[PDB]
Amino acid sequence: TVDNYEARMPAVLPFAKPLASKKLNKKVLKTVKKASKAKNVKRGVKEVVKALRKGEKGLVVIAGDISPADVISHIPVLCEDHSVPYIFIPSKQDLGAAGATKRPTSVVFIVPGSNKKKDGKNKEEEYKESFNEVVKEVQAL
Amino acid sequence: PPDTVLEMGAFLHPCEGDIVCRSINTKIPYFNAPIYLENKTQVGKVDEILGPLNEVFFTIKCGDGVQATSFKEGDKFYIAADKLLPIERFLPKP
Amino acid sequence: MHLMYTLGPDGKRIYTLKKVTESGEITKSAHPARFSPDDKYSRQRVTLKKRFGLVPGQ
Amino acid sequence: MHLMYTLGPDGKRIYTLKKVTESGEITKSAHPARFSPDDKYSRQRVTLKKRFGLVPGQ
Amino acid sequence: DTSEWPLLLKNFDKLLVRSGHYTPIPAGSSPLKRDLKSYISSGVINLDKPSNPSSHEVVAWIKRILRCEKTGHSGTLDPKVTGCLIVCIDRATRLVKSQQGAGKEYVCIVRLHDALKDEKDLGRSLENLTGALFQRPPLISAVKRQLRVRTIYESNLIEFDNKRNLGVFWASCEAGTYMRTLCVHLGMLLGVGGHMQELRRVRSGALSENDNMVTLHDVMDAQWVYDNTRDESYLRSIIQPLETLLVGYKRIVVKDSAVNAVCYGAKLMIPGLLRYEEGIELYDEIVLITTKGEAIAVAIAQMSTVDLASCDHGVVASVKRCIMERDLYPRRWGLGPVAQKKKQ
Amino acid sequence: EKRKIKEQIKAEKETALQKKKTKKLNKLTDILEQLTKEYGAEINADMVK
RNA sequence: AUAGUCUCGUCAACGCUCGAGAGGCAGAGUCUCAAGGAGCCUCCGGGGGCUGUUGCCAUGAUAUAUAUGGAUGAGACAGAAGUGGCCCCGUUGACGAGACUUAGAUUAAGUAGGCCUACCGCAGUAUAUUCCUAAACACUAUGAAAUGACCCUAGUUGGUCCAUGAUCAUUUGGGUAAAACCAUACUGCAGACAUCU
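Protein chains in written order, with the working numbering: chain A, 49 to 189; chain B, 2 to 95; chain C, 913 to 970; chain D, 913 to 970; chain E, 2 to 345; chain F, 3 to 51.
No wet-lab data here; the hints were simulated from the structure. It cannot be assumed that every hint is accurate.
To be verified - In the SDA-like style, the derived pairs of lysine to any residue whose C-alpha atoms are separated by at most 25 Å in a straight line are: (1) D:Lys-930 with E:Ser-52; (2) D:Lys-930 with E:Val-193; (3) D:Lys-924 with D:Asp-951; (4) B:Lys-94 with E:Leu-130; (5) E:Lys-121 with B:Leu-54; (6) A:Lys-65 with C:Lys-962; (7) F:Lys-6 with B:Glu-39; (8) C:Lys-940 with A:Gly-168; (9) A:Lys-184 with E:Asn-166; (10) A:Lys-94 with C:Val-958; (11) D:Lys-930 with E:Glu-199; (12) E:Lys-121 with C:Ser-954; (13) E:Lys-268 with E:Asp-313; (14) E:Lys-251 with E:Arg-327; (15) E:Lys-256 with E:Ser-20; (16) A:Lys-85 with A:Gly-168; (17) D:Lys-952 with E:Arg-231; (18) A:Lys-102 with A:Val-119; (19) A:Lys-65 with C:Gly-965; (20) D:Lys-930 with E:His-114; (21) D:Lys-940 with D:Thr-928; (22) E:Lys-268 with E:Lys-321.
Start from the sequences and build out the full structure, keeping to the hints where you can.
Structure, rendered in structure tokens:
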């Protein structure tokens, strides 16, 4: 089938900057999937906003094909307030699939170290290098 | 010292020997208004008022023996009640 | 939700149940976003829309 | 002086801090030459600019 | 076809027509077709002011070079600013503040006292300083130092060198805004400290640096050319009419027979109205022009669009400030049909 | 710290007593409504006591 | 007197989704729910499919529960708490209360006094003058430049300025310190509904 990267580009909101490249989008989706296996993830606007307000640190991934736009139009400047890097991807179905849920989600906040279990700590250690290189490539934009 | 002092600013960072504060008070301070603590002791006077209307900052001119590096984030700085003037004055009249 | 819409040549709404039309344009959700009177993010929304000229009357 | 400029496609100035742009174009200083009211060289300047058509009136 | 028409006559076919017919009077001229004495006495120079002299010294220099009776400016008195300076000569001094609502534009270099840990923060700080702002005038400025609110409408960071500690940014600001205070505030929000290294005004009111900007050498060379050669072309090239300062004003075209009465202080009436803008609102500031495009006066509108279109008589405008001289046009009042009928 | 712990214990006791009183109130008004429906008229306060 | 308008609080009539709660919405705290797991089959420890229109949670709403939905959320604590956080029908008539009016809509160059003055419109002038002197800013005259000059607890190779004149010394001499508007006084020009064919 057609990939959701090329499919959802007409639906991308005008303020969806920075937008990930296809290789970067694949790396972000893989990192989100590994973090969801680590359970080091916040899904949806409510959880992401609450975690940002408490002071959690990580990476924010925002879907681009969001209608209406007032669902997510406060997230990027709120991430800038708390010094958290963010990046936009064009598809919310892919974000939900990588975020270990059946239905699509709007925004994902990877917070490393958010799981109390030791198995979650080991999974954090194994996806840590991918998370670090993704964050460096996002901040390089 | 005045009997009643109101919390005026919160510490942000030092800048060239001055203390930058985000205003936690709704009103604008007088120029050279003294800045106090909860102990009513003066640490300095207001040096500069800056920033947008929604987010006002002010820098304090530190006195003798008062160092900007000695203060930490979350410290509150207090002003006298008569040293505040309403923000409606600086806005143009209708 | 199920109500989707597109914009016609005149600018008015065309209502569909389809996520993608026959022409291939992705439809938009008709219902507005959830609002709370105690919302505290007008500064963030205004800043983001002002970075891209999306503020009405700008 | 630090402020340099180059000419864009539309003819308006593009301001920069660099002596040479990334495309390789040499930038020009944005500030005018120093003027003295006791300057006595209008004849030389006018004659040289008329020799090459650089007078605005010409 | 009316887009190439000069100055205030540009796009004059967009004006609503109250009366299509008139009989011209062979008096006056176009602003570009004036004689040289009237051209200079109504002239405006968009000057590339240098850094070292102040604006007052530059205005005095232009007055001494062109042998004017007075010259004026309404620019901010920050030292070391280069770029746009609007110099009004003689009568044009009365229009020295006609474009204050347009604002100004600046390209500014900020020098930071220390290197930032994060580069992008500088841009963020600039985005914090856009909007309505609390500013106090600096010590150098002649304006009294009281706290005011000045609006920066739009700003853009052009470049930043963290090793050179120099940041070039463009700003669009309200008249009365100081960029020295803005650079000091940028340094205060960053925490490293900073100040204004260089400043350049790229737009002042309606006129900009691309809108026929000349240097002081151009003024002195043009005066030399006219003195020794009796050639007006270079002096006419560097000097612009005062009508350039009146763009963006709503225009009303006045019949020739009604011009000089307006110069004598009379209200403008409906029989003297010829053409007018769409959307003229009551109490707006408007410019009264002739059929030749020369400005009679700045006036205050006494009617709206419906009254301008459908009223047979009454006050159209009241003179706020008269630019044109008396008796440039003949005195033609008292000759109309209604006035002669009441006299009889 | 001891004052904070004492305040938390007092708040927990207060909300537990509130829950118990509301449970007793709703159970009593339900059985009183049933007794009024069976009786067909108003019930005296002595029977409720 | 009469009549109208605006702001209000009661009754009556007629309609409606039939209207005050154990209610709803917004917000705060705690907890639960997102196929994040397990098995199988392939491909090169990881990737892709199958179980899986499965499972987990909510929902009886004029209702198919073999259903409809699930973070652009739902449920419990909570029939609670709180409301000095908000919301809970419409039209007509009458009564009562407080007000504003009781209005026929003028003026093709003004107002007030005794033909003339004063105010009004516009345009100008003045808002200290001369001499000496202090200061600021910029220029200019003379001499000094590539081993150029200045600053910093000072350099694994610091930074800034610099023939587009830096930085020093003598004073060589002149320049700038405005303009616009308000207020007061004075002077002058007009009282103009704009024909021209």
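Quick rundown of the hints versus the structure:
1. D:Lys-930 with E:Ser-52: Given pair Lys-930 of chain D, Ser-52 of chain E holds - Cα atoms ~20 Å apart, limit 25 Å.
2. D:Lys-930 with E:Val-193: holds, 24 Å
3. D:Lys-924 with D:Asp-951: Violated. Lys-924 of chain D to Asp-951 of chain D sits at ~31 Å, over the 25 Å cutoff.
4. B:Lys-94 with E:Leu-130: holds, 23 Å
5. E:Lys-121 with B:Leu-54: holds, 23 Å
6. A:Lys-65 with C:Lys-962: Distance ~13 Å between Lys-65 of chain A and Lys-962 of chain C Cα, so the pair holds.
7. F:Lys-6 with B:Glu-39: Answer holds: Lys-6 of chain F to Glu-39 of chain B is near 23 Å, not above 25 Å.
8. C:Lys-940 with A:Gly-168: Measuring from Cα to Cα gives roughly 38 Å; hence the hint is violated.
9. A:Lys-184 with E:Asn-166: The given pair, whose Cα atoms are some 24 Å apart, holds under the 25 Å limit.
10. A:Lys-94 with C:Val-958: At roughly 20 Å apart (the allowed maximum being 25 Å), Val-958 of chain C and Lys-94 of chain A satisfy the hint.
11. D:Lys-930 with E:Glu-199: This hinted pair holds, its Cα atoms lying about 15 Å apart.
12. E:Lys-121 with C:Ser-954: Cα-Cα ~23 Å, so holds.
13. E:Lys-268 with E:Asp-313: Given that 25 Å is the threshold and the Cα spacing comes to 15 Å, the pair holds.
14. E:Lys-251 with E:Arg-327: Given pair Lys-251 of chain E, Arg-327 of chain E holds - Cα atoms ~23 Å apart, limit 25 Å.
15. E:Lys-256 with E:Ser-20: Within the cut-off at roughly 9 Å; holds.
16. A:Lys-85 with A:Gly-168: holds, 8 Å
17. D:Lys-952 with E:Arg-231: holds, 19 Å
18. A:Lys-102 with A:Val-119: The given pair, whose Cα atoms are some 20 Å apart, holds under the 25 Å limit.
19. A:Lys-65 with C:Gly-965: holds, 14 Å
20. D:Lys-930 with E:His-114: holds, 20 Å
21. D:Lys-940 with D:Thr-928: Holds, because 10 Å separates the two Cα atoms, which is no more than 25 Å.
22. E:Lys-268 with E:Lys-321: holds, 10 Å
Violation of the numbered hints given earlier is confined to hints 3, 8; the remaining hints are satisfied by the structure.
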